[PDB]
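The chain that follows stands alone, in the form solved without the ligand, written as structure tokens.
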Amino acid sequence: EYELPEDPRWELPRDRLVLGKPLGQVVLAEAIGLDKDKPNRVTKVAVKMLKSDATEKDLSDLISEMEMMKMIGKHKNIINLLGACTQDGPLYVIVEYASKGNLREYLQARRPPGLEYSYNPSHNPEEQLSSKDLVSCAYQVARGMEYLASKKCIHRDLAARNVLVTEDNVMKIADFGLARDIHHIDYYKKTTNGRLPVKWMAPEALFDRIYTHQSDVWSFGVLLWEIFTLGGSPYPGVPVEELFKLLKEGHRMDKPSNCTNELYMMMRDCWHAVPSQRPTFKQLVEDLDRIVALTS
């Protein structure tokens, strides 16, 4: 056995957790008595756990994320820590559940049947989003990142795929507390859900692997492009191999078909080549708030 830290304010007895279906390892579950003021209320939650092939370092990473969430604290627009099971078995890290999945697939399923968006790959199409909904969506993500930035949390992989949507359509940033790998992990390597993380990385992160709040702001720019393409894929037809060269030479994605000039300028600002010139999430929140108000 190892020494998993018990933490009385967060510890939950395993019998109070009823395992549902898998999420992604992460699974859906029901928790009885989360608020131990209300011991008779079931809460639907997501449960982070190790894979069957997990290693000591993997265990250490999960604990790191858990402890990190404690220190970062709560915000409306992040996936919050709710509890943990460290005793009688496999480590379970309990977090907030977002029933409507990640933002990218959420947007794609809501594309109009037109053609100035790409095709709607969902067999279960939903109503589409108003112009104010989309800007309000960007606002929420910015607010979450503004909070994280204030807690000196650097995400290193902000993308629509890492933003979750609740039953009440609240945007929540996911996997912000993940640990940085001490080995030179290949970013050209495609992730399990087929995404190429490299396309969201700032130039300085690609070149010297320097990650900062400003590099997170770069990623938010790419995320902004994802939103107003309703889940579009970045740099269409550009080989990853040549992405850095092109960015250095000042290549930037073109304005999405349905996007205001103000919002595209915001993207561009986020994509400034000099990190110090990019806006801050604080500035981004302010500006987006004004824009939300004027979109209606």
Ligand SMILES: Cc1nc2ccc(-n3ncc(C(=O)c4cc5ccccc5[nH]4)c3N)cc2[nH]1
Contents of the next structure:
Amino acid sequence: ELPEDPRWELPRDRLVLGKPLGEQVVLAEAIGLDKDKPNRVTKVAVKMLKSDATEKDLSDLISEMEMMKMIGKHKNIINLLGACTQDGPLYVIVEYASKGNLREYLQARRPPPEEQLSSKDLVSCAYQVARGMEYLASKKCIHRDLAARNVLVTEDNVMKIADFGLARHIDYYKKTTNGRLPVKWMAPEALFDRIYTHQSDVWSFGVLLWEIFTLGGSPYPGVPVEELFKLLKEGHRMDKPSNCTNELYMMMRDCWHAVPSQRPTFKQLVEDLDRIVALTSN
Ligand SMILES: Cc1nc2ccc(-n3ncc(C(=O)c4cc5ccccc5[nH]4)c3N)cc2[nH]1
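Same protein, the form solved in complex with the ligand this time rather than the form solved without the ligand?
To see the whole picture, the full complex is given below, headed by that same chain.
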């Protein structure tokens, strides 16, 4: 019983549903998504409700779609493409990232495609994520769960921020699909005082920087929740990755400032990474 929005509405028959992607998201083919090109197909990602869908789970999908409509377009985020709101279940149509999440993408390219990423490719990857986040921050949006698992990669190797429109009950002991604790990406003030800001997202970006330069490495391996809490209270910080400059590790450390006001902004991280990209050899 959703109202139609002709800005985004795609007839249900223009969407050829395919294989599942996300754990609910499916790969699909959209015919004539762009009005100027009606005889062309576009590979898209389709988000829809599960069988045991709650009325809150439905309201959250609507909120996510309405949020995506307002945020606007940027090259380094997953963009809204359309929606099927009439005569059936709600479908939210977004951009498809063929190469999947950043963590796997980096893991697949570790030394023994599988083609080794150069140091310029690594600094460029961080620059694109910083650019996506800078855009979201300018739109007054706080991610709250920034990590390489939530950075998706396109066929053209473009980094796009994903799952930024989430409406948030947080289980600290719950592990991800690969057995990792999300609390390892949380700023201490967000973790202990539940204070989520653009500054707490910058902290998460520091952990993401560490993920990039370890090629999908797991932060704090073998550290349980209770022991992580102790490390943070003591002011413990992760070690410099192997194959990481002192400048880029200083950047990580700045992102992890105990005082949120003293951390760099995404605007500053974009300018610094723009300069480092130009001075890094491929
Ligand atoms: C704010 C927001 N709403 C969203 C709604 C859905 C998605 N979303 N979820 C998955 C995907 C893929 O492209 C995708 C998954 C996958 C797995 C293996 C190989 C290739 C792949 N591509 C996507 N775009 C991100 C969203 N961000």
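Rigid core: the largest C-alpha set superposing within 1.5 Å between the two forms. Numbering follows the first chain given and starts at 1.
Novice: Using a core superposition, identify the member of 213, 195, 143, 104 whose Cα displacement between the two forms reaches 2 Å or more.
Specialist: The displaced C-alpha is that of 195.
Novice: How many angstrom apart are the two C-alpha positions of residue 130 between the two forms, if you fit on the rigid core?
Specialist: Once the two forms are fitted on their core, the shift reads 0.4 Å.
Novice: Once the rigid core is superposed, tell me how far the Cα of residue 244 moves between the two forms, in Å to one decimal.
Specialist: Core-aligned C-alpha shift comes out at 2.1 Å.
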